[PDB]
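Worksheet: one structure, shown below.
One protein chain omitted, others in place.
Going in written order, the chains are labelled A, B and C, and every chain counts its residues from 1.
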Amino acid sequence: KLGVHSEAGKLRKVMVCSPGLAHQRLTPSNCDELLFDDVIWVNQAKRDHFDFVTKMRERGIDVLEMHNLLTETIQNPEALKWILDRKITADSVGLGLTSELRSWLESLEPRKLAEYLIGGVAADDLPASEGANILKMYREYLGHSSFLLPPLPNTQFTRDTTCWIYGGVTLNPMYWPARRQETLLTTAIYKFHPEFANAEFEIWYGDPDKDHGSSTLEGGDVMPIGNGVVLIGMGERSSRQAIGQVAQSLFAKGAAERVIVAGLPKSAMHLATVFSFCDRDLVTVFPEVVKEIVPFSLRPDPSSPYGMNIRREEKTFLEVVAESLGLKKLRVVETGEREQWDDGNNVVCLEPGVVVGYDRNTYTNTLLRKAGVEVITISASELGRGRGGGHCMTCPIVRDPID
Amino acid sequence: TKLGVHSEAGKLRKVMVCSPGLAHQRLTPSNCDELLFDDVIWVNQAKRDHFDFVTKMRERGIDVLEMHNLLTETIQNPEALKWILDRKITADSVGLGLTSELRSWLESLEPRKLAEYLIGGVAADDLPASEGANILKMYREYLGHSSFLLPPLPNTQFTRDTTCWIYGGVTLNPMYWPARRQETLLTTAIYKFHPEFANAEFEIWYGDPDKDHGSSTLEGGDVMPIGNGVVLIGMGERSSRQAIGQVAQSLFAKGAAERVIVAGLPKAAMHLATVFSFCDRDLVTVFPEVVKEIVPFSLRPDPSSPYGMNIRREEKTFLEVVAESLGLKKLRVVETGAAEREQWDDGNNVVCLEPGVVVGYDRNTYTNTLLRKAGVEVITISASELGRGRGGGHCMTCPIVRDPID
Amino acid sequence: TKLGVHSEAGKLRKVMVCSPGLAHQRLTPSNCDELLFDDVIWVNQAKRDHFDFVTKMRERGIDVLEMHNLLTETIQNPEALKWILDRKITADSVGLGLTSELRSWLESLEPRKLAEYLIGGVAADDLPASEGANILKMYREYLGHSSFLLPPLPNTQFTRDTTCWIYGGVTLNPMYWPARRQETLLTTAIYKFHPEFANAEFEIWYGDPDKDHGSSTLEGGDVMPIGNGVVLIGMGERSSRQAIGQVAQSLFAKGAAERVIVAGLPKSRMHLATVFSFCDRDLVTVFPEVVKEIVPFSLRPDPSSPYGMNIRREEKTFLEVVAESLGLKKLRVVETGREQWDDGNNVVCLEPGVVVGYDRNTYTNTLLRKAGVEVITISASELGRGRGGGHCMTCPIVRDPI
Partner (left out) sequence: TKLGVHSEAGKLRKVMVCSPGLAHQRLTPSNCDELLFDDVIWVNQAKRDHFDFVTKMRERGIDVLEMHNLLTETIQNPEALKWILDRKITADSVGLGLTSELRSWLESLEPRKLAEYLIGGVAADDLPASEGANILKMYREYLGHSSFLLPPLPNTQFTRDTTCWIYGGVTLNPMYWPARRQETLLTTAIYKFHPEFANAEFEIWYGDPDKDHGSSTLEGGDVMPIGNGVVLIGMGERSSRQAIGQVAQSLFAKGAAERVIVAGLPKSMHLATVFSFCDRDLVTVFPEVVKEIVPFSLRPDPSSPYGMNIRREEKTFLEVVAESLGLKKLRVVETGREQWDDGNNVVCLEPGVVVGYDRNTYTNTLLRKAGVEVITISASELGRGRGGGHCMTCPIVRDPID
């Protein structure tokens, strides 16, 4: 039954990932190294998160927290073998502490382990030793990273690393060095855990065991907007080598009938980061980016060197999108009169016309509520400096079509 | 032939080089930072300058192998070309619009010209008019993307850190920057296929263009066979511990070396051969603000431990540790970039041809004078273009045959 | 009790402060680049945060005076307003085509508003339809220009930097950056006209909004009258030896101070009080990484010297020298950046052993309590994305000898 068949449809089952350890390790010094804008105050980011999480449960939406998913999953000796088998090598940990680290973890509670598998494993967290203690000399005298296992403070944006796309999902070959260790854990979930091992569903593209090279795909850039149409933001973090490959997979399994490729200006971002549906016929938009997007339609045609053909659409993205859906016009609330500045994109839809956005985009939020949209609010004090919104912070596994 | 690197100062007999070309012709003040080069150069002059520096060495009895010649030569054996094309041209690298079109093209080129493109990349530009290539042309022009089917490798120039020769073997280096991994494939290719290397006897201590490697990153500039069964491996920005840890036990496992000295580099910018370079049996240059901040580690073999290695931390200054290691009372040292320095200059990264015989940059006139004072012959070449590459005689060389001392 | 700050830990009687305003509402990601601000903030939220802060000080006695507030009142004095306007409104600053228009509209202004804009600044869309403003409205939209006629001063928020008080007297600081120079004009015209300041006794040690100072900068964060005739100034950063030399010299000449300790800081690119702050008579927090690098120097008078003083190097740690400087045996130091990273420097002393900090710094704030210190907290979430803490967000005017 699993499958996201639109963006605005009714949401039922979403993954998400509260902040936590991974972030506790952050540090002005390590911020960028670690790929996270600003050191947040973890305790309250967790409160605020679960908070957002609740306003979603209180609507009868099944919220899965990666953290549980991971904790359950590794209660299966085989899966756990599976993660560790890949997550502790002479190449990532170092040959001098592969057995040390492994056994330590293997020797912790189901919960304290999932924590570390996400938030990471400092040398400190290990019992005295020769080796653990050369890594402490390293971080100490010269200030090297003391990470056996590196934190993934970006797990908390679950949107990015996998995509439910109709009756199936992609395991995403991430852009930046750090996040690539994300896609693995989530694979192990989809792969072992009892709500999926049983699930009927295909894996469109991806595999944490291959090396994907220049091919990267990030959830943000993927939009299954129904009618068998997939939006893909291409250019910045998701690439032609990657896209065109999903394109053909989707096509070669009657998942989707046409992808529409959103070419994103470089001269960092994600589609949904500048384009966000709220209602059947309405989208939040970051002007200055969108008005410079260049559309291209991939389509199944047996007379292509690949089974695909590609047009340059003749209309603006908004026009092309407008049609693809069976519409003529797209209601547009552009952000990016005005009290102050906010960016109100990257909102998530719980249902046709129901949106969760930030407690701070006050101007945008009354326009949204002026276009007849109900806005659930959550707090952007900390989750906000992570540059992520509601849409970034969720991963739809189950969402209805809009006929 | 018996290939090996048994020192930093020894008589140099065989060097690999690569001159600037199509790679650097492709540089622009806006594509040059993602391309991992520092500044646009006068390619046509850099060449004249590089052929100068290549010739100055050859004129001294030394074999100098041009990468481009070597590849161009390798590119002839269809087993080889195939062996490269199969791993360079694939969907993840090129995409499904282009592979055939691309390789089909590639293979239709004359050999020499194929290695040009192999080092310097290939834009849509260069491919024949095609549905496919135009999309890319129209992605570039319209959306500001890159036309790069195969991406230029302006850094090949820097054959030093793309592979090291540690005594009777070479390491296939897993590069730091996702930009330069593409490089290793080519050298390896040469080492495996080129008449000169295929028949030669030598080990492969560490590496494989066919395995990922993750956090293990080893760059050659960081590696120093200083003779006396010791290896100095700088551990800083480019060379991680996972790689060093391994290249270590592979060296020990075959009595290639006795002692590895991890040069602990503070926070992570440049190679070790960049603040610290050799000159004579007993002379070294030193970026003092950095050298003086290293923390030396002695990493020896041990049957007494699981991983047959033991690692102790050393209280003497790095210079001292190195002294001890060469059986030496202590090193004569000339510092580079406050006294009667007429103007600022960085003298390091000079290459030895042989003890007391060295190549550095013309412009570094204050340092190169000391070098002379301390009794070294200093041969110069033009910094004007080569040096704006942020790299000197050392970085630009990858020794293959160099005699030990004494 | 005359106006004067005579310690750092001592009893806090009168401080000045400035809450997030119009200047912050103007921040958009594309310009807080160049207005010396790290992020764009919820402004409504920040005001709350700042008020809370305020109350928490006031509800304990402190005479808290708010810039906007004092400036509003100041303006009501026609002579004062002209003073300000003759200077903020030039042809070098606003421009030939817009000096009349923009001044004339400003005086049409109701005071609470007029001042709202002095700190917050004027863009060309607060202006009456006009030809001259339109080429601006024009410049900014087509050629992506700074449309601002008067620059927004988000930083006035940090009242400690624009002026210090040093025992009986005040320095009006020649800010470093250009994003901030403007700031002092306003504070100067307050001390100068405002009723409250205009009449009582105090000295001007250093500085003049009128004068072009050159490579002389001095930022308040860098000048701590620790009391006991001693004055530490942190030099090398925002605060240059060209000012410091002179502050010191006037301080000796008017005998505000017996000794100036230059806490020469290692160049980088961070005031002194963002790395080393007082919690108690014998207590400081301390960003150990930066502190352990400071090289102290001692300035003293010298009746017989040319320049009225004679500086010499201090052999013990900076910290040891401060210590022996207030005649303590040893300063208890607490460091700051075990369960997540923490920076809790920059707490302000409301009295000996009572400070204001941020709620996010629980580790450090924990130690501080253990140090015999009671810690009032306020919310960082927005106030602390600023760049500042209790110590930045306050300019003490009246604080007791310790």
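The rule is short, and it goes like this: a residue touches a chain if its C-beta (ideal position, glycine included) is under 8 Å from a C-beta of that chain, and two chains touch if they have at least 3 such contacts.
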Looking at the whole complex, which visible chains does the left-out chain touch?
B, C
Of C:61, C:95, C:195 or C:372, which residue touches the hidden chain?
C:95
Write down which of B:43, B:70 or B:247 is the residue touching the left-out chain.
B:43
Which of these touches the unseen chain: C:236, C:344 or C:384?
C:236
Contact with the hidden chain, among C:9, C:70 or C:265, goes to C:265
Candidates B:25, B:69, B:90 or B:298 - the one touching the absent chain:
B:25
Where subunit C meets the chain that is not shown, the residues are 90-97, 100, 135, 138-139, 142-145, 212-216, 236, 241-242, 245-246, 249, 264-268, 295, 297, 306-307, 311, 313
For subunit B, which positions touch the chain that isn't shown here?
24-29, 39-40, 42-45, 337-338, 342-344, 363, 365, 382-385, 388
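Note that in this section only the chains that are shown with their structure count from here on.
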What graph shape do the protein chains here make by touch: line, ring, star, complete or other?
line
Can you work out the whole-Å distance between the CA centroids of subunit A and subunit C?
42
Cα centre of subunit B to Cα centre of subunit C, whole Å, reads 51
Roughly how far is subunit A from subunit B, going centre to centre by Cα mean, in whole Å?
38
